[PDB]
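Next up is one chain by itself, shown in structure tokens, the form deposited in one PDB entry.
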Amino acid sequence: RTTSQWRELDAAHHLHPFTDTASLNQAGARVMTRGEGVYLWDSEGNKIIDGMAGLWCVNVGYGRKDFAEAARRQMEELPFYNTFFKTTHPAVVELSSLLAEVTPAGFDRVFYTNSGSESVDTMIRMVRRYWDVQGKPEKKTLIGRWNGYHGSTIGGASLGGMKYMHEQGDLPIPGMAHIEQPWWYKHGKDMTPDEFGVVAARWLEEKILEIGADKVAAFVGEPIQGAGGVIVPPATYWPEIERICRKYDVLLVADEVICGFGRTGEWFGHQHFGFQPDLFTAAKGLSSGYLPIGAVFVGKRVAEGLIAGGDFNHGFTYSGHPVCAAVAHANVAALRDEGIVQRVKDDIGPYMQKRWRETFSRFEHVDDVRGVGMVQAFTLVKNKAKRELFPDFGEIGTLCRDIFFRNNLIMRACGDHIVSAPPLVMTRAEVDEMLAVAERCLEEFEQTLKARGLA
């Protein structure tokens, strides 16, 4: 099939996630055909640096023939059996055992899903069920954040803080609340980041006291806000959030769907920020996106509460899917046994973070250069000295993203935030190759800015 033919069929038959379908069907979809390591090829033969690892998820990179063999072997033996009929199967038991080896102490039990969105919905029902079992049926509100992202289920979209999502489906659903995000560049006023971290965390205490602690089930947050634009909270933030949750007997939930499976150099983002959640949600890196699988990692407190409650009337046909479980097992064993996570912490993470800051700090219209391990970002700004953002936040980001894409580099615009999360296996040479393209793209971005009198 030609590029033209694939585009014709895509436009005629396919509705995409988070897309202006009318626009895409006219402009034509870019057809990605092949992946190897950190690179993609499109139908026009372009070699592309995937600085987003598929969608924050292809943590071991493309081309794992060993994962394809594990999928083939399991699909030939038992492609599917359900976990509903007082039944199990070896692939799901083996994965559950391996996950207990790599997760923090106290995380013995896992509930399986297909997606991060299903994991968040599962976590919401688990949190509410937990408090019902404790004899507190009033304790049902989950608190999230504006510009937080917790997936695209009605439940996940509700707990997320994307107004563009809320306005499609009449969200949020009841028993959801939101506090402002710990975005120092915009909300920091004359505070230091560390001062601001305590203030941004105390917005949770304010919201708890407004609602009433007796009605608040949980606080949920991404250790680093992903889709919101790699919002890295100050070092003082998570310890204050945790103090507040424990003071008011509110459960603390990490959304690890991006930060999980080595993205920060720790196995999990909550380990990097030094907080101890009761539950955490996972997908993406769990299987390096090779097959759909998500999980809720359930701490001892909530697991004992759920087990005390008899039936949990929840789950998905494909929960624990043997083939997805077999591939996730291969993926997690690789992340440990090949030293991929340890390499992010001790080697490629510090290299990426140093080189990221070296590359982007000098630009007139770049600020808040940031990152941890193998997640990094910056913001395109009208004026650094004034911390002044561009109007129509997102228009300038789209301009920059389109320049990257034209130059066969994938980095994502989140409003006017530019973000990167490449495969964890990226080499030092590949980091420098990626930053060389990004640097030339920013030089062109700045030229165009001044040319249009936008600078």
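Numbering follows the first chain given and starts at 1. In this text, rigid core is short for the largest set of C-alphas that superpose within 1.5 Å between two forms. What changes on going to the form deposited in another entry:
- Large C-alpha shift between the two forms, rigid core held fixed: of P292, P104, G188, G315, this applies to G315 alone, with a displacement of 2 Å or more.
- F84: CA moves 2 Å or more between the two forms after rigid-core fitting.
- Residue displacement note: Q168 has its CA displaced by at least 2 Å between the two forms (rigid core superposed).
- When the rigid core is held fixed, the Cα atom of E44 travels 2 angstroms or more between the two forms.
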Contents of the next structure:
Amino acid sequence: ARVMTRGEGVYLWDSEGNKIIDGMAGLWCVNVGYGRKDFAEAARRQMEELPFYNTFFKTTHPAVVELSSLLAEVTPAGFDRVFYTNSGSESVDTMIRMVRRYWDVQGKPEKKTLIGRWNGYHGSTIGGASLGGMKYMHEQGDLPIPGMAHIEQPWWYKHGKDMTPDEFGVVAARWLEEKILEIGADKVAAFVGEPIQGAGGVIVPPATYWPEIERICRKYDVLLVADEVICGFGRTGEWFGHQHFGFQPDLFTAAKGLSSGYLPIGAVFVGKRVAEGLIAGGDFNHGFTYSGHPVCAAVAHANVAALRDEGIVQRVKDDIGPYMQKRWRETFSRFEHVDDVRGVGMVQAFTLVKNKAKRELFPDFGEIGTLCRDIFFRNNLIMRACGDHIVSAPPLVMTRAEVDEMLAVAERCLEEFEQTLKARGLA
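Got the form deposited in one PDB entry; could you also share the form deposited in another entry?
All you get below is the one chain by itself.
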């Protein structure tokens, strides 16, 4: 009858009194960790004083203006316009309509197709599911909607062949050039991608990938959109994934990580180029002014202020990031059936493989991931299996102690993994 009692820092406690390490930070979003009583209070205060604004007033609710001011301080230059939503899924959907509307305004109404990636995830809307490349969303029949295409994911371990990462990076990106040319540049609105594919299994692209993607977008006059749903609000040590990989998207989407998951909220950050365009069109002015649930906005403000003023983000870049990465590699590198050990900031992962030498994957990709995950679970550690990949994204406020503590349990579980593997003769 196991029931969650409470959560604190990086831990969750059950009814039987057991403590669970949340190596996933809820749904990749509990960035400041659990237990932030101060957030409850910011909520209480805002609900009490002014939980609504009205379009009667022709102004913006002060708790939204506040959030916007602070966001502009932590986001790259030129991201002045922000459109608030209730979720990452809505952010994606809004982004889609914004991209299409932008081209309309430009007198290029046939520029409508957005390109995404297989094993990409952009939420659960029809719009987002059709943009995302999860294989079990696309055979559905209705997905994808037209104006959606997909290229293969830059996953080196499977698609690298004999190429080096850097080399594969150029190839993997060039798939965007192929798809654009195949479709017609005059029909393509945008490429959308997570800097690191989260739900795809923390597929980290080679260093050559993103600058090539961007060159291609610019070449063919296609907008570039980063989906910062998972990589946003300090996850890679930078404020946003795209900053780490060193590309400048024309828009980017954010989700409940903006509030550490405390209340539902998302946003679309819009750059100068597109902002100017949407304003002339006027379609979205209402959202840029009146968007943002005030209570949610106040909790988001608290969370971002914590992220900055408590040096949580800088700490990922400087201290806990490098440490986690080093320790992550140290801990996991040595296993027989564990390969492509990878990570940046506080997102990290590895893949379970049949044989590292041949770079051979297990059959029925995901069944072996399940087996490993059940173990982490029976051992009161939360790490998720995406197919045969194992992924972790703990709260950003995790300590060096907590790091070692988590890895300790993971270590033990993987030892147990190899055994059960041999014990079954699947090793």
